[PDB]
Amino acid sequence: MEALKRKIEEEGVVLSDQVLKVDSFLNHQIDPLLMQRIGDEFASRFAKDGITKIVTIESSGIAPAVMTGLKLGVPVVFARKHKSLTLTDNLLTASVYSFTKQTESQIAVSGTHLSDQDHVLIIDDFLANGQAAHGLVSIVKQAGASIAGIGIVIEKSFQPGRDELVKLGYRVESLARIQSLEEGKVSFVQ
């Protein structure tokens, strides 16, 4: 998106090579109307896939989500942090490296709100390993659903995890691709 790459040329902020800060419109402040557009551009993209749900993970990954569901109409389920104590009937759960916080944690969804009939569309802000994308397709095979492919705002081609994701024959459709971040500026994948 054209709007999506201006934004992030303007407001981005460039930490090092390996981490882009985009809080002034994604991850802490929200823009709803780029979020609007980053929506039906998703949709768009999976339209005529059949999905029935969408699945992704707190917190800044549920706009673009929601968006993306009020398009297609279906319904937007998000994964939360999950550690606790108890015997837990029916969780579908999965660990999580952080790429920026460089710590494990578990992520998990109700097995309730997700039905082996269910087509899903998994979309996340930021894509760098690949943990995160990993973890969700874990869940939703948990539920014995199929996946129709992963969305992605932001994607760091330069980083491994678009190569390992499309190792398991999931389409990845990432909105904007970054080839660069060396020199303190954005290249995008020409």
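Positions refer to the first chain, counted from 1. The term rigid core refers to the most C-alpha atoms you can superpose between the two forms while keeping them within 1.5 Å. Compared with the form deposited in another entry:
- Lining up the core between these two forms shows that one residue from 112, 117, 95, 100 moves its Cα 2 Å or more, and that residue is 100.
- With a cut-off of 2 Å and the rigid core superposed, residue 82 has a Cα displacement that reaches or exceeds the cut-off between these two forms.
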Given for the second form:
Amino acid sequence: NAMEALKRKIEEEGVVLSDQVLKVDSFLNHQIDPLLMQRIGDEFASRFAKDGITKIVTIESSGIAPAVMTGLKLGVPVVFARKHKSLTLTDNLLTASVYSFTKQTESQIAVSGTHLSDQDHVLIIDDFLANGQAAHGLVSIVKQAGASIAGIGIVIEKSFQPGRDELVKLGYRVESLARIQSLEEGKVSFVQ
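Since the one above is the form deposited in one PDB entry, can you give the form deposited in another entry too?
So it's only the chain below, everything else dropped.
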């Protein structure tokens, strides 16, 4: 299954930096493995195939590939939020502020309100879930449109960081394909 394939790729090609950051630039965050992305998208679609999804929401840039493969299988469009000023993202903006615990800056992410309806049932897709600030921002943007959230699909979850618990506590269904329990001693340990 996709989970096993992903876990294998992490153990084979991932590099643990400073027992804290998991570098997977060979297939997710810089180089993209399209076949693996398709398997990931088919797994997300499988979990939400009976939820009435109308639209997927993600955020540039690493989330786009898994989100688009998921939208392809479910047959729904994919909207990616913008982090920086863009040429054609100008008005009708739904925005949220994303605080970085790392560099200690608040930044703004934005989605055009014309692409989210009160009748939309949204699946949020993202590559990493760590502290979860962008995920909260996308939840806010979806709620600002009057739309409902079917759930949140995450490729890699760092389960020792509070992002997941924050979303689940608020009632959101979180579907993480790889759940990392620890990165200490320079190696990846998966949950259970």
